Amino acid sequence: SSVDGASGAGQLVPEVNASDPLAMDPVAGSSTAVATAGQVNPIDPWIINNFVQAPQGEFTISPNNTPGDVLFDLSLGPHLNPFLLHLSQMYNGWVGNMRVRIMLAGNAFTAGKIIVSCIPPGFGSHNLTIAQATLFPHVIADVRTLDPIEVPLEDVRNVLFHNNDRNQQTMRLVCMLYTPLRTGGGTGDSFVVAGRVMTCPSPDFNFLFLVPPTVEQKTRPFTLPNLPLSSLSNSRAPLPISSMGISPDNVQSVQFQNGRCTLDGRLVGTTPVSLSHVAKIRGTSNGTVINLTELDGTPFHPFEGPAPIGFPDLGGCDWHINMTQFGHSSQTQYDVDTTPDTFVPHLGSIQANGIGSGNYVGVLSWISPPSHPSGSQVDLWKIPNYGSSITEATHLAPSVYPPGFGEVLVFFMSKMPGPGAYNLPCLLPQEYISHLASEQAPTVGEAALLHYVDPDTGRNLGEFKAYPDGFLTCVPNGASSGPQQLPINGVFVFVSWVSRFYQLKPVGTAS
Amino acid sequence: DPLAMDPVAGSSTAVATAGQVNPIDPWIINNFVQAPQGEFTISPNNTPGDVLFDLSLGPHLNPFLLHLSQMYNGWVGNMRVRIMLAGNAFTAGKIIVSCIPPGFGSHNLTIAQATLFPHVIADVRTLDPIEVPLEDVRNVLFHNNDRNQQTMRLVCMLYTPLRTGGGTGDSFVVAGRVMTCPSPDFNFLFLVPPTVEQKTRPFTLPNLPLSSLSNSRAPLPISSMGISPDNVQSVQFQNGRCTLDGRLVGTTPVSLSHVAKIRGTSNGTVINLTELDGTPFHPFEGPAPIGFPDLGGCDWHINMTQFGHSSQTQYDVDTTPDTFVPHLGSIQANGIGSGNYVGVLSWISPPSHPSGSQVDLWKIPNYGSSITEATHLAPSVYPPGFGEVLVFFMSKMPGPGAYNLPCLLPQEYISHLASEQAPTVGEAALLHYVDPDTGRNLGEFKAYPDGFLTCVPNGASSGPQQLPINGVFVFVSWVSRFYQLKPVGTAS
Amino acid sequence: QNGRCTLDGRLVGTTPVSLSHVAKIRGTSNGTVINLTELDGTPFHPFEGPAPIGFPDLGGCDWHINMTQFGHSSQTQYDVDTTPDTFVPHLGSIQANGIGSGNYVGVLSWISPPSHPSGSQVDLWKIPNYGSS
Amino acid sequence: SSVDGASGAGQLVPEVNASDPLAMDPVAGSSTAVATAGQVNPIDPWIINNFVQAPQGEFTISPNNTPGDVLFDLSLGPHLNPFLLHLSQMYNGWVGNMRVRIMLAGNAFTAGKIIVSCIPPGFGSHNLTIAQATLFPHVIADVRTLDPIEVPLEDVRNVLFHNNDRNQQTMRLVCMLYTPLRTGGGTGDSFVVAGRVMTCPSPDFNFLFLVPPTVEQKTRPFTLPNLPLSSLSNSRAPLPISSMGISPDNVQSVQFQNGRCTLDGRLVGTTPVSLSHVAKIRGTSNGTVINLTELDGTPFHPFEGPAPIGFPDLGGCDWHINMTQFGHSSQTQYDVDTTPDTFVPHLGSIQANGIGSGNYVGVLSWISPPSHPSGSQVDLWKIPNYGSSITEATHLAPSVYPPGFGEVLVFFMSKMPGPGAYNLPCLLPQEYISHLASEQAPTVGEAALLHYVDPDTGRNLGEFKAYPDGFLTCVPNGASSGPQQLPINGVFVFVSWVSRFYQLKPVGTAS
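Protein chains in written order, with PDB author numbering: chain B, 2010 to 2520; chain C, 3029 to 3520; chain C', 3266 to 3398; chain B', 2010 to 2520. A prime marks a further copy of an entry chain.
Everything hinted at is true.
DEER-style ranges, computed between Cβ atoms:
#1 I3497(C) with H2404(B'): 25 to 31 angstroms
#2 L3389(C') with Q3261(C): 47 to 53 angstroms
#3 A2203(B') with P3412(C): 44 to 50 angstroms
#4 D3305(C') with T2293(B'): 39 to 45 angstroms
#5 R2275(B) with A3402(C): 54 to 60 angstroms
#6 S3489(C) with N2259(B'): 22 to 28 angstroms
Keep in mind the hints are simulated off the structure, nothing from the lab. We put the beta carbon where it would ideally sit given N, CA and C, even for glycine.
Chain B on its own, in the form it takes in the complex:
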C-alpha cells in the first residue's frame, strides 16, 4: 500500500523519524469492560489494520503559519476513523486505543518541525505555548520525513469504559507547528506542505452496546444536501441563486439576520426554516402604525429577538413589499424607509405611509435606493436599524469575518427586482439551512474543508471552508478572479474537518 520514494528520493530527506519513546505507560483495552458492559462487540478484522484517512484527515503547513499554530486537535473516539464513525451510530459506548499516522514529505528544500503531544483527559482547554507542549509526552518530527510517524493514542481512563455522551473526556493529540516553515530553493510561495492523518483501531478497541442505529446525535456525520447550487434559493429573499460572489474590498464584516445557521443546526437571528417565512411580515394596520406579529398570527415579543421571524434584513435599501389580505380581494404596496424613529421592528411597531387599518401579509418584492439618508446608493451588505429598545435585550446575530490566511467571505447571490442591476448576497442557501436543522450533526474541528465539484465529471472546481457559525470562505486568485467565475452546476462535497488555519488554494483564474 505505502510506497515512499526512498528509491528515488536520493538522500536529501530522512526516511524514518528518530525520536525518544513516549514518556507514558501502555494503557489497557477491552479487558476492563468485559465484566460490566452488557456486550463486548467485536469489529471487522479488516478495519483492524487498514490505516485509513481520518475524517480530520488533512492539514497544511505554510510559511504563513507561526509556531504554536495548531495543525490538528484529535480527541480519542470512533469519530477518528471513517469506518468506526459509521459503526458508532449503532453502538452505545467503546473502549480501546487508536493507532495514528501523520504523513509528511515536503521537498528536500523545505525545513521545519512539528510537535505532537498527548494531553490527558481532565486537563481541560488551555492555550498551550510550544514550550508547554514539551511538558506533555511528545514527539517531534521534520516535515521532510518520508515514512509516516506513528503515534499511539492511549485510552487513559478513570472509569471502566466510555458511553456516547458529552460527560466523557478522552485523551487528545494536539499537533502544532514547532519551528517556522521555510522553503529554500526557487521558493514558489504556492508551496505549502500538505499533511495527511490516517488511523486504524488497535485490536484492544471494541464497541460496547448494540443500540438503534441513528438515534444518538453524537454519532451523526456532518452532511450536505446533494443538490446543484442553481436549484437552490436565497435566504434573505425568496429568490433563486444566480451566482456566487465576494464582498467589495471595502466590506469585511457582515451581520445578516436571515439566512444564518450553525453547522450543528442551530438557527440564529430571525432565520426561519422555510422560504415561506423569508422576507415577510404580518401585523394589524392602525392606519398610522402597523403592529407586528409572527406569520402564524402569534404575538411577537421584544425579548424573543430583533424582529419577528422572517422579517426582511436588507440594510442599505429603501424596500417596499407587496401586501395582501385574507378574505379581502386586494393587493397594495407598502413603501418602507428603515431610517425613521417610527421604524421600531424590535417593538412590533412600524410606520404605515399609506395603509388602511386591518391585518396584512407582505412579501418583499421590490427594492429601491434609500431615500432618507441623501437619496444615495444601494448597499445590500448592510442590515437595517432594528429599534434600539433600551428597555429590551436586542438579541442580535453576531458579525462574521474570514479568520483564515487571506480568506474572504463567500456569498450566494440572486438578482433582485428593482430600478437597476441589483443582486442580493446571503451566507447559505435556504435549503442548506433546512437540512442542517434536521440533521443536527455535531461539528468536529474548527472548520469543514469542502470541494466544489461538477457532478457530471467529478472535476474539482474549487476549495472552500465552512465555519461553525455558518458561512464559507475562500482565497480569491487575482483581484479580478473569484467564485463569480464559477458555474452554478456544482455541488459542495465535504472532504475533511480541518483547523482554523488550513490554507486553501486560490479560486478562479487570474490574468
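Could you slot chains C, C' and B' onto chain B? The hints should help.
Same frame as chain B, but now just chains C, C' and B':
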C-alpha cells in the same frame, strides 16, 4: 503495509464446467504491455482528488489478448498492473490507486474515500514501477463476452499536490505510464470461429483521409471541420445520424445515392412522395422518406428528372407552408406538371417566408405536424461534458452566397459502421486525428455512442477549423466519464 | 474509367473514393471552351490521367449535366456530344455549346442517344473519347 | 575507459538501469555460415571489445521533443561501427550480433524516460506509437541513469547469412522518447540531453567473402570534400562564394532548379555537373524566337525536364546574358524578361528582343530588377516561370524547407554584378555537387550532423544539418545573428548521422 485483499482464484473455477480451458502463448504471459489509456501527466495545477486514470479488468487492456478474444467465447484470470512515474529527487507529491470491486457504481469520490478501498499510495519520487494486482473478483465461475459483465476497476487520483522545488519551472510535470500483462491464472475459454461473435468485434473507423469523403446531408465533398456558433447549442439533423453500433437513425441512408433525394407522383398541385424504389412511404415508419433532405432554415430547391422522359425541371420549395407535409408524403407542386420524378437538392437560397431573411443550416425543416401518427424524429444532440463542444463536417453548397453545410458524420463512416456493427463498450471512444504521412497526432477527440464527435477548443478562435483535412480518425480506446480531452487547435 | 479498383485497394482511372466525386466536373467557362480542373479547384494535368478524377465515363451517349455555381443562385443544363474535336477532356478543354463564362460544378443527370453518329441508339457499354493527345 | 561520476554524483541519479530482460531468445552467430560461405573472415580482436562511437553516434532530447519522436533508428549491420564500416568495403557479406550501448546522464534536475525496442526484419516500415513500441521486446530507461544501457542487437535471420545488397532486411533498434523531457531547477532552456551511442561486435560476428575493396556502393561512407568554403563556387551562377546567408523572415520554402543534388549523388532539376554548364543556354536564333538545345548541341526535350540542363534559374530578376558564337567574331547582349508568354523554356522557345539569326552560347553575367511586373525590386529567392506546357510533364525539382526545431535554411552566397548590391543564394557549392555525384555514398539516417571548423586551429565554429534532399539548416542565435557572421575559411566536417529532430546549437553571436 500490504493490500487489503485476499487473493482470488484463476481458472481453477472454470475447469469443472467450461468446455475447454485454452492456454495462452507464454511470451505474452508475463510481458508488460502498455494499456490503451496508459498515459497521464501530473501538472502542479492538478488538485488532490483529480482522476488520473480508470481501468476495467478485461482482454481489451492488452492488444494481444484483445486480438485473441475474437477466437474464444470466455475468459477468467488476473492481470498485473504497473504504474511508472518520471520524477526527480527534487519533487514531492503522492498518488493513490484504489481497487474498486464490480457492482459498486461510477459515483465520484473524495481522496479520503479512495482510502477506504484496498489501495496503494506512492510518492512521486519512486524510481521502481508500482505493481498492483488487478484481481478477477467474480460472482460467477467465469466470464462470457458480455457488456453485462462488470469487472474489477482501478481508479487513480492525485493524493497530495505536486510541489516541485529548485528554480521551479512550471512547465515541469510528472508523467505517468500504465502497463499490464496477464498472470498464469489467466485463460481463454472456448474455441469459437474467429470474428463471428459480435460481442468481440473491435470498433473501427475507415482508414481514409477526411478530404476524399463526403457530407451525409448532401452529396458534397467535405472541405472543412467546424463548430456551431456560441448561439447554437442543441442540434438535430435527420440525415447523417448513425450510432456506433451501426444503427441508422432518422432518414439517414447508407449510400450517398439516397442522400438529399425524393421521388413521388406530382398531382400538379401536391406531390405524393414514395421511397426511391417507388415503394410507398408511411408516416409511422418515420418523419419523412429515407434520404429526404433535412436542411432547415433554407429556401432550397432540387433539380428533378424522370425515366422515359428527357427532362430537367427546377423545383423550388419553401419549408413554411401548411402544404409542406413531408411526414404525410404530401408536399407543394409550386409549378410542376403531373407525373413521378426524382429530385436532388442542388441549389439553396435564404428562406423566403420568415421575412426574406438569412440562412440557418443548423436548423431542421418542419416535417408535417401529424398528431394522428408518430412523427418519430431523431432526438436532439447536445454536447455532454465539462467544456466539450460538438464537432461538424462541412462542405460548401451552391447558392447566392457562402453556404457551409454542417454534418455530424461523413457518409462513408456511416456506411462503414453499419457494415461492422461493433458493440459500444464504455461511454466514449477516444480518437486521434492523425496525419497519415507523418503518423503524427494532430488532435484528441471523443466519439459518443449516439453518433457524433466532440473536442475541447483551445482559444475562442482556436479549434478544428485550424486543422488540415488530410488526417484520418484512429480509434484509441474506450474512455471513462472522467476522461478530460486535450485542447485542440493552435493557440499562441 | 470510373468504378475501377484493384482488390489491393488501388484506384484506377478516374475512379474516386466517394460518390461525391462521381460523374462531376468543375472548370472555368470561356464562353466557348470550358477549361477543366479537379473538384477542389486544383489544376488537372494530361499526364496524371486521361481526364479529371470523377469525370463521367459514359460512352455511346449524348449525355448532359446540370451545372451550379457558388455565390450565384443558378442551375444551367449543359448539353454535351462526345464526338466533336473540341471535346478534349484529356487536355481539360471541352465545348461550351451555350454557356456563360465563370466556373461551375456539373453533375450528370440526364442522358440521351448520341447525336453525331446518325442520331442513333445508346450504347452505355462504350467509353467516350478522351482527347487523343 | 568509462568513469561515471558515481563518486561525486551524490545519489540524485540512478547508477544502473533496473529493467526486465528482453522478451527474446539468443540468436546464433557465425556457426551458421561456416558450412556454405566461401570463407569466414575473422576480425581484429581489439575491435571485439572496444565500445566505440557509432557513425549514428549522437542524438538529443529537449523539452521540444514530444513522446513518440524517434531519437535514432539503427538497423543491424557493419555500418553501425566505424571500424566495421571500413572493413565492410572489403568483404561481401556478414553474420553476427552487435552490442549497443546508449549513454545518458542528464542533470539530477531533469526527468524523462526513453524506450528502445527491437523490431524483427519482415515487419516493414510503420509509424509506431509509444504504446506500439511496448509490443516489441523493449527496454525503458530514465535519462539520468549514469551507466550506459547495453542492448544486444540480435541477428534474426531467415537465411544462413547476409550479403551486401538491398535485398537484405536486418533487425532494428528504434529509440523513441517515452515521456516528455522536463528540466527542473533554474531551467536553462539551452538544456537538452546529449546522448551518445556506442557499439562493438559480439564475438559471433564475422565478415564473409573477400572482395575488391571499394567496388560495392552499400559500403561507401559519406564524405565531403576537404576544401575551404572560400575556394568554391556558386551553383546558380559561375561566381565564387563570398559568405553564407539566411532567407529573410518572410521567405521560407525555396525551389531552385540549379544547384540541387541528393546526398546519394542524384542530380535534380536542371543541375549539371560542371560550372561549364551553369547559367548558360544554347540555341538557334530565328531573329524572333530562339530554339533551345543542350550545350552539347544535342536537342532538348520537354519530357526531360523544366528547361535545358544548366538553364539559369534566377526568378525575381530581369537578367541579360552575354552571347557569343563560334566562327563569328562577336559579343552581344541578350536581355530577357521571364514574364512574357513567349518565354517558354520548357518548350525550347524563348524571345529574341533584338538578336539576329544563328546559334549562340550565352552566359548570364548581368542582372537587373524585373521590368514587366511593375518595375519593382529584385527577389533572387524566386524561380522564373518555366513554360506551363500542359501537354508535357513539367518535371520540376521539389521545394525545400527546414524540418527541425527552429531551424532555417542555410545558403551559400556570391555577389552578382548588377545595378546594386546583389548576392545570389544557392543551396550547395558546385564542387560539393561534383563530389557527391562521383561518390554515390548511401545516406544512412534522416540527416547528417556537420561541424563547421577552422582548418588551422580546429576550432568548432558552427553546427549544421545536411538533409538527404541536399541542403543545410541551422539555428540562428539572435535575429541579427546567423552564419553571415562566420568567416569563409572553414570546412564542413561530417560528425555523425542523426535523426530529423536532432536539436542544433544556435549559431553566431547575439547582442
